[PDB]
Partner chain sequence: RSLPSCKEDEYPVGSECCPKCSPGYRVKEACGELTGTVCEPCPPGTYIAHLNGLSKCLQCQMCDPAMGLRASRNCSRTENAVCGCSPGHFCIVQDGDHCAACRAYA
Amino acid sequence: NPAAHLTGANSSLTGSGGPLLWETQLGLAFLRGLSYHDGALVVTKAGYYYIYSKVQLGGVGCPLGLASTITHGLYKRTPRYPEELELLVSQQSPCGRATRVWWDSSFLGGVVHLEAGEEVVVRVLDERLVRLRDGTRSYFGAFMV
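For the form deposited without its partner chain, what structure does this chain take on its own?
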């Protein structure tokens, strides 16, 4: 019964170690049987959820004196615990086939068990370009299985 799909991808928090923020109202964005708080999908009904997130990614250059790669991730928060558990993580960049401005896309999807009160957040690590389209192309939702 419960499900949700969010878009928006406010990247204002990522710099200071915060998760992405998402629209829950406008357009295809919706909450049904789930809650939302400060970028987190809050679970109301306990059980197995198929969680998913897609992140549209951009880059202005692709060199590696050291290394440039992006880390897309779905994480679990348990309110009484300081730790954000890695649930579904992808390490990604088309820089593997590079020698330039680029596009890439990260999809994460998986069935995880969630409890009432637990939250799920999306973090994108080391992003260097946010196009006007990134917020709406990127999305993050789930549905109870």
Contents of the next structure:
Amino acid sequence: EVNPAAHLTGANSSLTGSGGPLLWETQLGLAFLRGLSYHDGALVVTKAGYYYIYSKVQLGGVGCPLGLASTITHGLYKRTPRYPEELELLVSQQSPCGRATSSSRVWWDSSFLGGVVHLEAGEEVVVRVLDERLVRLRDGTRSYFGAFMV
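Any chance you could show the form solved in complex with its partner chain after that form deposited without its partner chain?
What comes next is one chain alone, with no partners or other molecules.
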């Protein structure tokens, strides 16, 4: 009785800039799927139940697009045929430049979330960050998206 689990890793394709969700690697390096699928950025549930889902995104930059006004949103969202809108699950807000000055412009910060949610067969979870320009991809170890059934 295999327990569903997955870990997907930041990829060179990861940031579409389309306003769609982030995409993720599923097969290479540290990424894998066990009893879950993937579709267009989404972990797709096969087996219904309660899943701990989690994501980390590594942020950083040389200054911010908006100065001390800049705000980041990092979230996990459910897509389901039962509703025609995406539903927020777990969301964080950060003020990434809040401590920066003009002579201290370069910054790095990670955002992590996790939580247990109920998912039916055929439902999907995706990760979204606004603004994607602050995501600093490296090699799949700094940004990632996963789940396992509990």
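Each form is matched to the other, and the largest set of C-alpha atoms that superpose within 1.5 Å is called the rigid core. Positions refer to the first chain, counted from 1.
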- Message: Taking the rigid core as the reference frame, tell me whether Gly47 has a CA displacement of 2 angstroms or more between these two forms.
- Response: no
- Query: Rigid core fitted, then: does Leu64 show a CA shift of 2 angstroms or greater between these two forms?
  - Reply: yes
- Task: Examine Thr24 after superposing the rigid core and state whether its CA is displaced by 2 Å or more between these two forms.
- Result: no
